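In structure tokens, one chain follows: the form deposited without its partner chain.
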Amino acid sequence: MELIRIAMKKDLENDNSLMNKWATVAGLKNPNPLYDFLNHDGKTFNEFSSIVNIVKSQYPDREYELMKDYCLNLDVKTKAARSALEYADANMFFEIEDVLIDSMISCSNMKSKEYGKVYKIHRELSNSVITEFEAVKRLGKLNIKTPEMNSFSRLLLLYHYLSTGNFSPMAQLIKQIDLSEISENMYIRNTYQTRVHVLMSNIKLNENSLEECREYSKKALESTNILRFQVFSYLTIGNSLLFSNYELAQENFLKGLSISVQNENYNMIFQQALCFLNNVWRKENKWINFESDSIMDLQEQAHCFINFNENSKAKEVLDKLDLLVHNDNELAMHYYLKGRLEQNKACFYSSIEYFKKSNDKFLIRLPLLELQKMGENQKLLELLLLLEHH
């Protein structure tokens, strides 16, 4: 048996009311599939949310342990296995996910093989094994048939656009996704819906449409019980308040921290959001990572040094940054930091240029402010706001 089933039987001996509890949690509408699940090997529910909700309601502290065991004992040709692939990916359980992909690609079920091949494209692109052009080419050559994978083929590009600061294509591409065409696997329809909520929220953020940003993140939170999606929802809500409400921004970062501090990756992501928050507000900053050579962390070192008039220490950090490769959104911030250090309007104009190229209407408020303080003409600033890059 599976660890989850061993543990479900043991606690069934000591408590029988669990059967009605487990059946209502899994939405079964009568407990026959449960009994079916436990008594015979290989029996799967028809919707994956039946185990996940049960593993959440009753063994929440060992979700990973139990699902890593169950998922990797699942026949990779089944619908539950195809579901476990999305479960693993959405939770960023790459140990579960990368094993399923290998088994599904070499397997004899074509639907599983399609899921596997496109999730593999997502994994290689998000680890910079292939370029965006190669990912697109490979997806075309796949001749994708399921509505699930036609949806995810667009999700993986949207995640790549986000991470590479290339925001202009995202809105048109996200609008091509039609989740209603997914009708056989509700778990995948339901998690993909949460994905689209988080992504729309981020698209709104970068459009400087902050109220609508917060609505989509609120919809995302209400629509999910997956920790990864709660994390990025509180992060995006917090970030929408960066320039307006310091304490409410901090409160969302600390709320996201309260459910995720144990995880090293999530711990770092809220540390960085808090670090940028305190730099924008020019406060003392206990969140800087002085032991890092990532662009984000070095930029925050320089931003803080600049806020406190430590110009040579700032220049020293920016000398390091000059020798690192930047994407367009990172380079925009780089020139903004330079413009503040040198009090040089041309560097602020180069920052705007790259914020326009990345199509970031949110962070561009930083160089615009500095040009305002230096007495820039108001019609000129209005002009720069209404012109785009294309």
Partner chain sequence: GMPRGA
The other form holds:
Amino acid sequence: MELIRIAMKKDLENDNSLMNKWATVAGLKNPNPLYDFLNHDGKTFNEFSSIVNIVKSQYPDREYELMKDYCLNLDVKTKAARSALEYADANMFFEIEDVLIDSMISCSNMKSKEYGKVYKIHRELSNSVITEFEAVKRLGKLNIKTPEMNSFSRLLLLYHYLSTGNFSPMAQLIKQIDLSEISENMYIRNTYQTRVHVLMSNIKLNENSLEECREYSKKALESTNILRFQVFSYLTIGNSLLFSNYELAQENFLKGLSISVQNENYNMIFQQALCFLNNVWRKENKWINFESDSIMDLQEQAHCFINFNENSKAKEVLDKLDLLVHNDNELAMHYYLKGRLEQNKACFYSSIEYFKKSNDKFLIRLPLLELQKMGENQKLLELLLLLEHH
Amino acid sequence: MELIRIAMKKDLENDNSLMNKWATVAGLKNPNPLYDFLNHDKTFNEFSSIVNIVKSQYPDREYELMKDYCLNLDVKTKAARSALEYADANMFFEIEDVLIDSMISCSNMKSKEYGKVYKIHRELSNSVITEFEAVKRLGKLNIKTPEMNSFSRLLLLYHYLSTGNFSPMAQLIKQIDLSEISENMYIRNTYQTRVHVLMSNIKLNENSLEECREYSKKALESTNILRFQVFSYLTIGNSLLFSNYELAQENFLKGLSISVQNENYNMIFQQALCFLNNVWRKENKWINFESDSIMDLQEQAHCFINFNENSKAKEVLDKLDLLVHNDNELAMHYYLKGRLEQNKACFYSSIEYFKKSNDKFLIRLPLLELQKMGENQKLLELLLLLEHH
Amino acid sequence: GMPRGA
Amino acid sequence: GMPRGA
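Same protein, different condition: the form deposited without its partner chain was shown, now please give the form deposited with its partner chain bound.
Next comes the full complex, and the chain you just saw is listed first.
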């Protein structure tokens, strides 16, 4: 008897009116299946959102404890399990996702087996256990038949490109996704819809299409009750305002902190967003993480030092960063900081080069402004914006 | 009787060994079709047979002898289709346009197909139609022969070359597969020369100068047609413009020496030498002071700036402003304004339009001026690395 | 650097 | 400019 079941019946005696609301809350205006769910041992809803919307409505503070207990005592061969895989991955509940995967690979239902097999590919790719090439070759060798995993096998590449600052292939790959081909799993279709809203928001951000970036994050927020998607929607809205609206950017990041109070990784992300915001506006910056040797945290230490004419301390930090391997978008920021510290236009040109290489049309505004401030010719600046990398 | 056959018989009466001679010139495995060609009002199976004989024995009257022979052909035959390419390759537009309208009206479908897409090529190169119109017309034709599927791409390549629009050429030339032309070897061979000279120009535009020269030297080895020899020497000489003054000059003068009796080809090598001497900032005896073409006015301005006559240069450049420039011509216009004004923004517009035309060779002119004005080496590298989209 | 995520 | 052709 799942903790969700033990707790749901216990609480129904004290408050007996829940049937009418729970059936309204679970995508049934007519309460027949709830009775079935509530009493007979092992009978799932047709759609996974019925359990989800109930737990978030009656035990929101115990979502993880209950969903973990329910998900791991699930027949991996069922539709409910396949929905749960996407629930666990979307929420970044790796404890739930990884046990399901190894169970969906070993079982004898073929649909659940394909699901586990490409979610495994996504997990090894995002953990740098395999390369993009190894992932693409294994995806092709699966002979993916379901329109669920044909959508996901594209999504998992989109996540890989975003995290390694390789923005060039995103716009065309995401255009290949057609979620209308998913007709048997509505939860998966709706949570993939939110995934695409968030990925499209980032693609619009990287193209410096700032009004459309914010429209897509709005759709993402309107479309989900999943914290992870809300987190990155507010991060992306806030990032889109970095260069124009300090107060509104900060408000989105602070709203992010507010909903991340029980999650360290999400909390860290908004501190880094606010840290970058205050460096761009060259303000005193309480958000710097001095106990970190990641590229992102070291760069913001040096950025603040440079802002406040602490040039020796900044060269100390850029000396540590020199010994670290950067992706193309990270090297472009390294050169921008170098160029500020040395007032060296050649670094600002190397910065533009790697921003072009990663196809980041948003952050390139940083080296371009400095070149403007150094009196670079206006026609040259226009040429640098017009030209593209191969 | 056609003049070619009248003349061949008058010389046969006096010289009998001419038969084995004309038979080997024409590449014949045996001498039967020559006799047959002289006796019955018939064709050789390959057009090169009669061309090589006219070129071997009557080179001074090729135009007269071929204009008479071609215009007397039955437009339904492989011979007449071959004469269409011969005419267009030689730029014998008088012979060509007559064949075209004959073929377009005729009841033969192959001749009809050749005629209609050679007409598209003629109308596009005379700007009677736009590129969009040409592509639209070619698509409706439902072209079936490999020859015309190849020439449909060649006519577009010529149009890109002449309008300074070099970006599409590399991908389009690769679509040509001449090995599929199996029936008309004369067409396969003259198209092979056409592709060699076009490839030479694409490698020049990519600043791949040794491969540029190799393709032009392959064109020369493949051809006995003046027009292809002319553009091979032009392209070899252009590829040397920045490095080897004497050898560039020697290739242009070689072109002049074969162009003697042809005012259009002669003008081209004069323009080539005029540009060479301006690039090297030498006394320039090749300037056309009686021209209002953009090409010639630019070189007047270029030489004036070279010899510190900047009031005269601005007079010229003020005229050029009133003319419509394609992208490649515009890039040269900004380079000259850059030199006259010593203004880096003009040099930046120059490279912008060289990037748009995809001209990686002539872009070395504004790049070198920016180097002299002390522009950052990393900036110049970046500008060479990035592409126009 | 600037955090990004989806 | 520089003449070109093929």
